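Shown below, as structure tokens, is a lone chain in the form deposited without tetraphenylphosphonium (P4P); questions about how it binds or moves come after it.
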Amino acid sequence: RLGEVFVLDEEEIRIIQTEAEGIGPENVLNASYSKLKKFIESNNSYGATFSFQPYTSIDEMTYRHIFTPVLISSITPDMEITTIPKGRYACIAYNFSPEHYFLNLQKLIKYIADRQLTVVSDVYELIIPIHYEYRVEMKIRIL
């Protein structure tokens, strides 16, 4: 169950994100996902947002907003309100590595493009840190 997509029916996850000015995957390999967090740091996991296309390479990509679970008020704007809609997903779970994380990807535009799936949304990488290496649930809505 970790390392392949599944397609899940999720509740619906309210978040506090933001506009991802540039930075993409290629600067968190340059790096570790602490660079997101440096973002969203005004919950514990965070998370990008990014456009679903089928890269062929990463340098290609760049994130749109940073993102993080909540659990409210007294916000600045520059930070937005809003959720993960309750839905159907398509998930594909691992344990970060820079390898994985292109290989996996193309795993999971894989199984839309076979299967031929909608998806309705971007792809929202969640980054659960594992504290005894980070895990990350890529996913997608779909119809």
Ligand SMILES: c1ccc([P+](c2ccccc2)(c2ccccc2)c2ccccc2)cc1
Second form
Number of protein chains: 2
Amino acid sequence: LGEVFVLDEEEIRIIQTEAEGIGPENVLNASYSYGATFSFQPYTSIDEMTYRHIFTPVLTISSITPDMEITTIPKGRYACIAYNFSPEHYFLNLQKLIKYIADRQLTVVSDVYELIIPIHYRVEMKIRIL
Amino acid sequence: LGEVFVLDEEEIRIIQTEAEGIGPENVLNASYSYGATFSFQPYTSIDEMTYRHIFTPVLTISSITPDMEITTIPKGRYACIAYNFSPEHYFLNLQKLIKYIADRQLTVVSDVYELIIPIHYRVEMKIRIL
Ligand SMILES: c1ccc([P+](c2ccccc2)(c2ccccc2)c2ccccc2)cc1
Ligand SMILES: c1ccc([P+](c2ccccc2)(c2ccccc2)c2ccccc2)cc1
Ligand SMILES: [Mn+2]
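Switching conditions: you have the form deposited without tetraphenylphosphonium (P4P), so give me the form deposited with tetraphenylphosphonium (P4P) bound.
The next block holds the full complex; its first chain is the one shown before.
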């Protein structure tokens, strides 16, 4: 609970649209469940991190347009890590992840998965590994 | 062989980048294995169809940048259909697909998958269903 674990998760159907380049930073500033994903880069700066796809999970056939893609989070082995949301935690949690990966010398096979759940906020990043 | 079938396929890791809006049409004109994907819309016109992601499969850890995403084609049930490439076939093959789906009243859960393989060209569209 605030550390990384490794488990065999289920698939999770979800629907997405693109990120337009908006970044995590972009979302923590200005005055106006889902998730989003990004490249598993050896990061340094939220100024550097920039989202790739933004998503919401399904709860529902039919429903969409072509600007959206019905898809899912592959079943598989995910190095995972959970944390109550805060900002000094956000980046500092990503770090533990990338660290753990480089330490275990594991090989990654997907983008990073950011999952926020308004615990009215809970958060988790899972990456897919072998 | 030139008709649709339904089978339980394996996953297929692949790497992608975006389509920029280029469309199938865009690729059949002008003078200068992989695939690409698009929204399972009730189509009419290649003038209307416009690619979403363009991809290549893996044969190879490491390898990329952030403008590319290591990902895959989920294992699952895919209504599939194969055809030697021609142009009058391209759109006319998509049709059989969408038809078959509406006829079987199946429910789709992914974008359409276009797979070209330079048989030096073989081609297939698979969609994921339940
Ligand atoms: C563009 C528009 C909205 C969001 P987001 C979101 C932020 C960070 C990670 C994933 C998603 C959001 C979150 C918190 C406050 C404002 C906006 C967002 C989008 C759709 C549904 C829920 C949340 C993101 C980019
Ligand atoms: C932009 C640049 C290149 C391709 P494509 C391709 C076309 C149609 C469907 C999938 C992929 C290509 C195909 C045939 C002739 C020219 C270009 C392409 C891209 C990368 C690797 C192989 C093929 C597409 C868009
Ligand atoms: Mn995309």
